[PDB]
Amino acid sequence: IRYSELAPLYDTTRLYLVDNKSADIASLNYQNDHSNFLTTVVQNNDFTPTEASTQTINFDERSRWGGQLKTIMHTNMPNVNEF
Amino acid sequence: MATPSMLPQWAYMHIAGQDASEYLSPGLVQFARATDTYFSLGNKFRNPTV
Amino acid sequence: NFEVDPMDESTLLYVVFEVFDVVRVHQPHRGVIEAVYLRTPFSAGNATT
Amino acid sequence: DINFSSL
Amino acid sequence: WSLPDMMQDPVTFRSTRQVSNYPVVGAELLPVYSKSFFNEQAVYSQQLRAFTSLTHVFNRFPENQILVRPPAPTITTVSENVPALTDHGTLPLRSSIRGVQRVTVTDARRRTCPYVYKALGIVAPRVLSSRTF
Amino acid sequence: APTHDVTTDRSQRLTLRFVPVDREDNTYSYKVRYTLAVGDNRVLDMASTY
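Protein chains in written order, with the deposited numbering: chain A, 51 to 133; chain B, 1 to 50; chain C, 894 to 942; chain D, 3 to 9; chain E, 400 to 532; chain F, 51 to 100.
Just so you know, these hints were derived from the structure itself, not from any lab. Where hints are given, some of them may not hold.
Said to hold, decoys possible - Pair ranges (Cβ atoms, derived):
{"hint": "1", "chain 1": "F", "residue 1": "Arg60", "chain 2": "C", "residue 2": "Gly924", "range": "21 to 29 Å"}
{"hint": "2", "chain 1": "E", "residue 1": "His455", "chain 2": "A", "residue 2": "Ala76", "range": "48 to 56 Å"}
{"hint": "3", "chain 1": "E", "residue 1": "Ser435", "chain 2": "F", "residue 2": "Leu86", "range": "51 to 59 Å"}
Just so you know, even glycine gets a beta-carbon here, dropped at the ideal spot from N, CA and C.
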């Protein structure tokens, strides 16, 4: 199966890493800036977020699986900087 | 069998079913007893208690 | 639902939920080590790295 | 309650 | 982009929690770009920054008539911040994925980047090719 | 006592130490990587590590 608290899904499926968790995962970030941030991939609507950051998304070894990375980045920086 | 959770994995993670004197090959059982007092294998295999 | 005595200090309530935490470490080959992890009432592991 | 072993 | 513990890394990399080195994924542009603009009164608008600021510590006291601030470029380059969106190929995932997973962006000097306020990971798992179950 | 089958008479190190192969310095942590090598025909218990 692909999860034990939801029905298994087959073929293409989505996952998300969202930087909008800053109070559901920000007790793990107190020295992690936004470029090193920890954030949940589990996004259970009807489960408490605190107790749902330790859940696991299973993938069967029927086939190899590989994610398709996509990144949306917006930076605001000045042109005189330490960078 | 490794990626599944649920129903099969109770057996294979040893929270029920066979002892660790029944789940091991019968020559590794012999090795364990004979070398018990020099190099214990006691904490390396878990015996379910149900 | 717990009932506790009042205390001036802010306090926490630590509830331990006793489960089964079981890891099974397999080495198929040399220089290769793997583990399957299981936690049952609160689901976890299965080689989750 | 509590699982541990001796073999 | 790097997501070191959430997937197997491309060839010629290995997982490191050491801060000095990390995997590379993507290898894409910084979202800072330059947009040219044109002013034909560029040289004449330094008489209107002279008007505004009578201070002349920007327009400066003439030290010698070579040693003076220069008239402005007619064509200038102006900083522009617009998001960059990018899609990439398949990166093989871990057998199971942790509930919380690290996301890290690192520059060409291989160190963490100030001045980033949105970096959004989107990963879509899909079958690649059969292996024994 | 047993005679052989619990004792090697070859050169065998009973204790080793391993220096870091990388290290990090950070304001809240120090990190150290090692290469722990287990030789051929010897098994390491991980209750002996410190």
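Structure-based check of each hint:
A C-beta distance of roughly 22 Å is found between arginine 60 of chain F and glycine 924 of chain C, which places it inside the suggested range of 21 to 29 Å. Checking the proposed 48 to 56 Å range against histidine 455 of chain E and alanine 76 of chain A shows it holds: the Cβ atoms sit about 49 Å from each other. Between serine 435 of chain E and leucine 86 of chain F the CB atoms are about 58 Å apart, so this pair conforms to the stated range of 51 to 59 Å.
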